[PDB]
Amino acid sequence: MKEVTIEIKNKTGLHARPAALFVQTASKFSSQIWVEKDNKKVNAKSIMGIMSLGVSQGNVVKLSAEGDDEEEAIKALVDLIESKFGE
């Protein structure tokens, strides 16, 4: 298992384009991947789950992954978030 805590910086939080790209990026990896905010946890490859989570700008989330590529799956998401989704 690999886990990281990270702040969401972009205006939209995990909604619309960023959310789609987030799931897109997570879906590149074989690991099971999760996104947690305040005790609620969802599959990072699930757009309905991401939506349910209601992650807005400034929110700190925990990303976790378990699988053969868990470390680089998390890194890919960390990098996507820190770059504000390619901005």
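Numbering follows the first chain given and starts at 1. Residues that one form lacks are left out of the comparison. We call the rigid core the largest set of C-alpha positions that still match within 1.5 Å between the two forms. Compared with the form deposited in another entry:
- Once the rigid core is overlaid between the two forms, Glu7 counts among the residues whose Cα shifts by 2 Å or more.
- 1-15 is the sole run of three or more consecutive shared residues whose C-alphas all shift by 2 Å or more between the two forms after the rigid core is superposed.
If the structure you just shared is the form deposited in one PDB entry, then what does the corresponding form deposited in another entry look like?
A single chain, with no partners or molecules, comes next.
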């Protein structure tokens, strides 16, 4: 075994909540969901894609859903987004 206690010194530590509550909400649904930023489409239920979209404060993205609950699911993400996630 190999072990180290180390200090996290980068700005946002390991903060990733946004993509967190997002993917959590997006995941609660059966509707397939996508997030498109500048012609880059990614699965809204995948934290990786979200993180890879490099979406920052100020970015406009296209949120799409298609499924038996596509309406309630976008209302969510959108509502979640609109609160600033908290902030």
